[PDB]
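Only one chain is included here, represented as structure tokens and corresponding to the form deposited without the named molecule.
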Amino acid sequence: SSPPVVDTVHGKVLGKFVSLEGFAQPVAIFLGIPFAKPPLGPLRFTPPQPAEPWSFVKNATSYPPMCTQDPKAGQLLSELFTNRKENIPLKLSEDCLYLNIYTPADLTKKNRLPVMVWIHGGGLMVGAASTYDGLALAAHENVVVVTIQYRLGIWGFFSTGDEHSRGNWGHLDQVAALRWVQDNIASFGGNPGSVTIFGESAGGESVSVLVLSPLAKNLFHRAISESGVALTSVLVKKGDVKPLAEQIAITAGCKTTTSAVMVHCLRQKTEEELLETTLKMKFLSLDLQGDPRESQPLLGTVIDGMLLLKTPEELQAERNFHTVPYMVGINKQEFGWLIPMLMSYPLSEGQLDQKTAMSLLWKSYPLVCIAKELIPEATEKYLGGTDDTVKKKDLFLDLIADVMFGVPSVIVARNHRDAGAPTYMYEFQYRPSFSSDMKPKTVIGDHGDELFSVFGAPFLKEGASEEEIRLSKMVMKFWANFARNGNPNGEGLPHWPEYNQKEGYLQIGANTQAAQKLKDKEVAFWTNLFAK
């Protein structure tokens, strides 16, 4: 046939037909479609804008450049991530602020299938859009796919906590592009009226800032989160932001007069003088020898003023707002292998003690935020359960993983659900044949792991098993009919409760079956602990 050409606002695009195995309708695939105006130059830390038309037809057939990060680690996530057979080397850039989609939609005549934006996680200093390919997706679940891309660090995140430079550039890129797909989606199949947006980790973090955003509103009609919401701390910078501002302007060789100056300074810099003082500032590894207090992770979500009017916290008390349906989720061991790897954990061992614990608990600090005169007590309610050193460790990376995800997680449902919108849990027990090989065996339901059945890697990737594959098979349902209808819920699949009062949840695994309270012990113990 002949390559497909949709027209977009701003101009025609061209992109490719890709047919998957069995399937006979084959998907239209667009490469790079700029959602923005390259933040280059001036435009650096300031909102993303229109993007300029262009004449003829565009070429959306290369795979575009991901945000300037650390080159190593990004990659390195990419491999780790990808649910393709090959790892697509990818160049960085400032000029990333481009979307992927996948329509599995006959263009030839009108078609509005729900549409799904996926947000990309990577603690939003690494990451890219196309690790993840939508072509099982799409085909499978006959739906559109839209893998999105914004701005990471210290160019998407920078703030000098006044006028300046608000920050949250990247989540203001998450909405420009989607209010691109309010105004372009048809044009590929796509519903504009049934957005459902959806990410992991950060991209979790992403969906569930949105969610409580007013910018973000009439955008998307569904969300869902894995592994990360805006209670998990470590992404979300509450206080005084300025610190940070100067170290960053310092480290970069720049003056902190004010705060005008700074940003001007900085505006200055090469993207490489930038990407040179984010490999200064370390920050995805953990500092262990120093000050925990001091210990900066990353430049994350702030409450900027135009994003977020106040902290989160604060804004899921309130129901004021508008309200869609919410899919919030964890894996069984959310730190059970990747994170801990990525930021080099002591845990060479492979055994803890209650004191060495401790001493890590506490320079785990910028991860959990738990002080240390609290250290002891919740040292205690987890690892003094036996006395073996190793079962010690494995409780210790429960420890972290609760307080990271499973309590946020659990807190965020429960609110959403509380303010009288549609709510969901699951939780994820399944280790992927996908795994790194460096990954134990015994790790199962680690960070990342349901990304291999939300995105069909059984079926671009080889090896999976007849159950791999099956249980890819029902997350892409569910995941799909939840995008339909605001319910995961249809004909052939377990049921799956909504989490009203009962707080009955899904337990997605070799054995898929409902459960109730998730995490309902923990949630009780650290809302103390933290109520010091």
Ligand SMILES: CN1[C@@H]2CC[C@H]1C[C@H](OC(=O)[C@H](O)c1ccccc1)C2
The other form holds:
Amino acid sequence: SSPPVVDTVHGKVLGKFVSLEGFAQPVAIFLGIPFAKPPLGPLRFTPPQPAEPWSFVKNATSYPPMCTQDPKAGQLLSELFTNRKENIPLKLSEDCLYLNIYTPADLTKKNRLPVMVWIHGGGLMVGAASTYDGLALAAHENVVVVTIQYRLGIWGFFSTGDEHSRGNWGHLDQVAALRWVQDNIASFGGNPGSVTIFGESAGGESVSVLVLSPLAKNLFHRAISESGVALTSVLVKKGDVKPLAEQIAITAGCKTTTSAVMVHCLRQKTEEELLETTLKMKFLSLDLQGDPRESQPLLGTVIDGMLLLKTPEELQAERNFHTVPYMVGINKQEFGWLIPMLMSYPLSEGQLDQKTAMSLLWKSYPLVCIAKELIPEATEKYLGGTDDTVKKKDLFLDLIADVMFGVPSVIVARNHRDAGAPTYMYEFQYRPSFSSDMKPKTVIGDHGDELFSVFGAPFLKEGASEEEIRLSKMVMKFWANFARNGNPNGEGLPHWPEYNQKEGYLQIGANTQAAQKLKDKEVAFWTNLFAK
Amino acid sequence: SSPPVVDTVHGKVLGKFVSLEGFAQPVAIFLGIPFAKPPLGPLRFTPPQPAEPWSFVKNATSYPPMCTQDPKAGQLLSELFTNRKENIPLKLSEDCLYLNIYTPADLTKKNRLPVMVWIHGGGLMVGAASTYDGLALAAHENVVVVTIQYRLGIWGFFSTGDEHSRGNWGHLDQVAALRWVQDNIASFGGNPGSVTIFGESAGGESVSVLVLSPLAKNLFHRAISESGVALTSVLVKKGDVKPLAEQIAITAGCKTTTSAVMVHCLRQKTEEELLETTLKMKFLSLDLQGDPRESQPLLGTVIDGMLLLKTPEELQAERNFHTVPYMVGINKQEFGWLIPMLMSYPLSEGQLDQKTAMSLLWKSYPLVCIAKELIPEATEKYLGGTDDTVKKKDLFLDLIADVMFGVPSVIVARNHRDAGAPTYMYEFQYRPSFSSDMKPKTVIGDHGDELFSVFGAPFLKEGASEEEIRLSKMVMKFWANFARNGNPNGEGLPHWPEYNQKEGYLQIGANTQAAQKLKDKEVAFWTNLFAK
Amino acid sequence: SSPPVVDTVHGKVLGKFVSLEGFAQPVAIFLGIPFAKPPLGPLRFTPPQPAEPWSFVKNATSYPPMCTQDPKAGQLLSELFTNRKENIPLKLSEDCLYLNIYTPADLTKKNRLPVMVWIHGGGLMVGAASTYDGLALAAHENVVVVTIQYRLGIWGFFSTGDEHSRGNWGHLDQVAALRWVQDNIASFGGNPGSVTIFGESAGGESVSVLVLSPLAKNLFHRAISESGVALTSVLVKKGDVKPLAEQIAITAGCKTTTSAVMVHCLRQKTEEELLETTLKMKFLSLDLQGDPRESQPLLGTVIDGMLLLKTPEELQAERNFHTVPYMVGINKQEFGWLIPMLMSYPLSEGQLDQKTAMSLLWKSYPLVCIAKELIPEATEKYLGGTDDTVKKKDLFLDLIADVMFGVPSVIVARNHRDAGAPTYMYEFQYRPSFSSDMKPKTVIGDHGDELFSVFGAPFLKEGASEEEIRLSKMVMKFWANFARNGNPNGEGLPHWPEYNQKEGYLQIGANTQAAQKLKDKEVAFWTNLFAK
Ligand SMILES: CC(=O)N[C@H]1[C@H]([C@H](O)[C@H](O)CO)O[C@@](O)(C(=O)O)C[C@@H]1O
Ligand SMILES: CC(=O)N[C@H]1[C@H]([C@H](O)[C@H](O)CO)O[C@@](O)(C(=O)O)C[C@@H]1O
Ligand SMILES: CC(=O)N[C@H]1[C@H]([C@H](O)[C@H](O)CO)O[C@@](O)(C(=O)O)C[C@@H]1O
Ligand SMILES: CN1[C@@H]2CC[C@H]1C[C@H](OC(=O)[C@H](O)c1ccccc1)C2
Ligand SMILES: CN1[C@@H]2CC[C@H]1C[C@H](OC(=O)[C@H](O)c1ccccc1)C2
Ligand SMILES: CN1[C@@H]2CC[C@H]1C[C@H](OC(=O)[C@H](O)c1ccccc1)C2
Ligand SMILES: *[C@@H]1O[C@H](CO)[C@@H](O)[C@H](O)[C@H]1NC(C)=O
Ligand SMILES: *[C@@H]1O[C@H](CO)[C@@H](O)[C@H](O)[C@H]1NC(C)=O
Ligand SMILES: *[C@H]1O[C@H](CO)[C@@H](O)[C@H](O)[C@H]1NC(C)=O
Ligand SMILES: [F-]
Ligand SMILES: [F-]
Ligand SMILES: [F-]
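Following the display of the form deposited without the named molecule, present the structure of the form deposited with the named molecule bound.
Everything in the complex follows now, all chains and molecules, and the chain you saw is the first one.
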């Protein structure tokens, strides 16, 4: 029939139907819907403003650009995380505040299906929404899937520490996309009364941040963090952020007389000029030559006084905030291959010794945040075993993963629980067939592996076994049920214990079964070690 | 006496008194009155905004700049259409939103004289208001004459097809200046309740557009289109305008990743950079090599969705719309010398044959928009007459004139007529003594020839025979009478029948008398041909 | 016990304590508090906009930058006027709208002490607030002292003479600071209901202008003009100013097609570019050859139609406005050494004859504004006496001093008196030990010599004698009493008569006592000569 045409507040939107195998009702897809005014010129380094309305019918049938980022790194991550057959090459632009919608609802009628907003990851430096296709999830579980984008790197996170540039522009874009949904999603057969935000990695941490922010209050009703939370140090800048702002400005060829002078100067810079600055800063690579405490991994989240009134530690410590069902999960080997490879980690010999371990762990300061006085003990706790240099390197990775995702995730889960809100945890342990060739088959539950089950990659790509297909059908149902009742459980699916005092979590993989006290031991150790 | 000082909404304006040979009543003249804020910087490619108010008295005693255009092309047209003796040298600037006023009213007393607002032509690419002196008309028929300006070329008509740059900036200016008139004319002895708009060529097509625009309603009560209407295709863009925008962005050295990207980039360019882009484009000149269907004649009117909700063809269909007295006229030989000479036509030998005719007609695509399979029938219907190559060249010029003005003008008139509103038509056939020395004396009723009678050139220049002086007097009468009563008739003047079903019109010239069915046979042929 | 933290409408401010010998209660100092939004980008050449509120605690413990100016000239004047022991070197920046506060109040309690707002001088081309340390005056007279800054030169006074750039930006900033004081001063223990503005030189003229401006109505309750008033021609521009605008524009490398075009262009220029333009104009210096009337001193105050509705002459002619106690004073030798030296006067021979003098006075047209036909007359009235060139040189200095400050000051005073408001006058006659070596010891009461006494330099620098100390205590007490009651009289002080019909004034110096009719003779004379 005639392409799908939905009416929104700003104007009519045109899309295209896409039927999936085994589903009569085709899925309506809208690509590149603007949810905010293009942040160009004077709007750079400022909160997102509403999108100007249009006079006729807007054709939303073309993938939007991805926010300015390292094009090589961007395309690489996309190819590794995409759930669709062939990766979709994208263009770069500052005009990237768009979102993609996938509704399996029959627009001719009135439907109120649950809405699931996806926040992509990429360390807040790279990524896009187009990378994730929701055609499968939307059909198999009959939910309206929405993928959003937000300013990355300098454009979405540059902060001078004061009012001239508070920061968190990227986080504000997410909040704006959430309001867009509350105001228009009903036009796509989605129930604005039931919105679930979920994201992986930096997207995960973003979810945690939104769950603690007063600005997002009432913009969602359930949240899910996949391998990433607000306690994930590397993504949250604590202390005086001024030194960073100046370092960036100097590189860009700007004076540092005052804050307003820097912001003004940086606004004058071109996109290419700021992309070059980015490349020079080398944000997603382990800095070897230099002091570990001087390596700037990124311009993560900050305490601007708007989105976040104080550090995540401080905020969660209190129990006076709108609580919602929150699902926090991690993978078996978060630091298995993906992250180390991208960051170009030194580990290439396949083995390591205490001395070298403590040497590498040190330079990993901008990631784990371990005082040089805690290096020995930390290394001993994980490598103080077998003489096998090879088995050491493996325990070294588990060492890093526990500090970045493991312990943090569990902590957030505990606090949310104590806050008196429905909490859930899981430990994904599986090795997708879509993995990379360079990835050693001895790795399972790597960073981002759960993505393929979540977005039903086995229903779009080819070569998926019946075992890999069912696993996905299970995850999608678990997720979708949560978006529906704030409870993953359902008929035909194993039992998922709510993370309470017993601290029971679900283990997903070849064999999905419940368990208890995830990393419980690991947490204890670090909680004391970190206490100096 | 002392310089006239009128009080307007945004401040007091100072002018000067000028006396015309024989008239005791001195005419108050104001030059350079702003009717909007200068469309500089971010205000480029945006609607005109109200002008900021001034403190003391503003000297409105100097000619304003003409809108940025091809300085050479603009200077030529100014010297070929000016009715004043010596041609005034103008300056270029994006700061060109001014209007000139000519009032014979006695400012010392309340006066409600009819107001005639003039809209200059020039293919929407060149032109200016200072070119036309309103002294003679204002004094002879006692009416306030107002010449207005509007953004041209890229500045006034650049459109990306969407909300990022809808377009028709130039027409919105025409509207702004009209609202200004309704708000201030009374202070100049003019009656806002009786404003007549009239223009020639592009100024004519503009009147035709305002007559059809829901925004213009109530800003004028009488319309006059001299050689140019909404059906003159060359000036109206249909279909996706996105290609033209992208071609312009590229020529200016801008990326085309998205609409917003283009507009932002172009807004960062200097006036001169856009003027160089203009010259590079080579607009008003016939392209003889390439593809006629791709040739870009100019940047005209589009369907923004604010000024025009749909194409003129569809608009004139409806009856449910406000209607006013409309006078549509054309010249004997619209494609006689002027236009061809300006666009550099291959016509130099002074004759033409059937074979070279069909070829030329095709390259003339951007003007007559005639299919390539229709060329044979069209050429045979006009040139199949005699075997005289010279007559074939003249009958070929009649071909282009009919398609660009003849047929369009009549169709527009018949629609206004059947719409239930007073309509009037005429055909000017005379050769002013103010013609160029380069125009053959055999050309009678060439494009723009009426302008000399309309603006009483015979009373400002020299060499005008009494016969020509007489023609001018009659013309200004009819006009002013039409302005006064929406009817040209008045004792002392030949009778001008209303354009009703008998399709009676007036032939102006040495011998002025009525006739019937103007271009009747012509309209039939062209409507039937295009039907295929 | 802990750094001073104060809450304001815009956010928290953090200062520092500084104790002054003789006072138990340490003074709370706040440096660099923003009272407006940085006048950058499109904000240049526009009214000051409110400052953006900050989220946490802002540290105002660092000296703010001074507005862009001649770095050399700026730093020189600061060392010559500074009352602190060591001159503080400052940075330049368009982001200069800050104010400094010195409060002797105990912020742990509720206090409401009189507020004295200082407006530094420097011909509206240079100067800073930081130059003046309020520590002494604040502690000694128990009053809150506020030092403000305002846009200088082109940035603060560029006028096209119309609505596209009225001018007086620098005066608007001063008014913007006064509003900030009324909204937040109570947080600093200040009494918003008792604000006294005072300034020296261009600061004196500013105060004088604020007294005639409707915009300053109810923003201060007492005024003090030290050596400068609104009748000091040199700082006030009369007549068409457009010619000056164009002159700057061309120098800066801009077009001059229209006013809007000129302002649009200058806004594009970088700080460094406008600064280089400043240095080129040679604003401070004096041209010895050419034509005196073709020179150009500066960009003083203009008649914008906002800040000032008409010339100070016309405005003071009316007794229709808010009348507040006004104190106007001058020094013994206004043109004794300081100004001449800074402009580089050819008086490097210490001698001057009746013929060489008539030449200088003419060349000094932009400073005295005297028709060349009058030069001979005036020159006689002063130098027509002794045949001693050495005395002629001195009498010549008295000539200029009387025309710039002497006569203007008394006239301004008398008019205020006749308006029926409290008036007072004084004449400082002392030679501060904190003078410059290169300064002749025969010069007593040079321009700005009262500043050392007013700001208590004897209590900040070293070597002051018991006499110089006593003088400073007396002056401060006099100023503080005036701020308190609008009357300088108090116990322990001589009697300062009001400026009624007897025209009594105070002779401040080593021997302070009252007198009558200040410059009465000179006032009568000049008024006559100028009557031509
Ligand atoms: C690259 C591209 O095709 N641009 C298209 C854009 C984009 O879809 C939107 O900017 C969101 O991507 O808008 C249209 O689709 C539309 O509204 O009619 C037309 C145009 O073809
Ligand atoms: C370039 C130039 O000379 N500017 C002139 C302008 C123009 O009138 C307006 O810009 C409209 O052109 O304003 C004046 O006339 C005026 O109001 O006193 C002064 C001046 O003569
Ligand atoms: C570069 C500079 O000196 N500016 C400084 C400003 C100024 O103190 C205020 O803006 C008043 O001028 O704020 C800081 O001191 C601060 O709040 O800690 C840090 C910053 O470095
Ligand atoms: C892309 N990798 C390169 C070539 C193949 C693959 C394994 C090898 O890595 C190592 O020896 C590391 O020690 C390592 C890294 C990541 C996971 C396991 C082991 C280096
Ligand atoms: C300067 N002109 C050149 C040589 C003489 C004169 C007429 C001719 O004109 C044309 O071919 C035109 O196409 C034309 C103009 C006007 C009337 C008829 C035909 C070409
Ligand atoms: C260096 N100066 C020389 C010798 C001592 C001192 C004073 C004198 O000049 C004057 O008295 C002039 O009045 C003057 C001219 C220029 C600058 C400052 C003072 C000339
Ligand atoms: C928009 O889509 C419609 C229907 O698919 C099509 O007719 C039109 O050409 C498209 N417009 C664009 C973006 O070219
Ligand atoms: C504020 O000042 C304190 C010291 O007084 C300093 O430690 C801190 O860095 C400043 N705040 C910031 C982050 O600007
Ligand atoms: C405009 O004319 C008036 C009338 O004397 C004059 O005051 C003003 O300066 C003139 N403008 C210019 C810049 O020529
Ligand atoms: F991430
Ligand atoms: F035209
Ligand atoms: F000064």
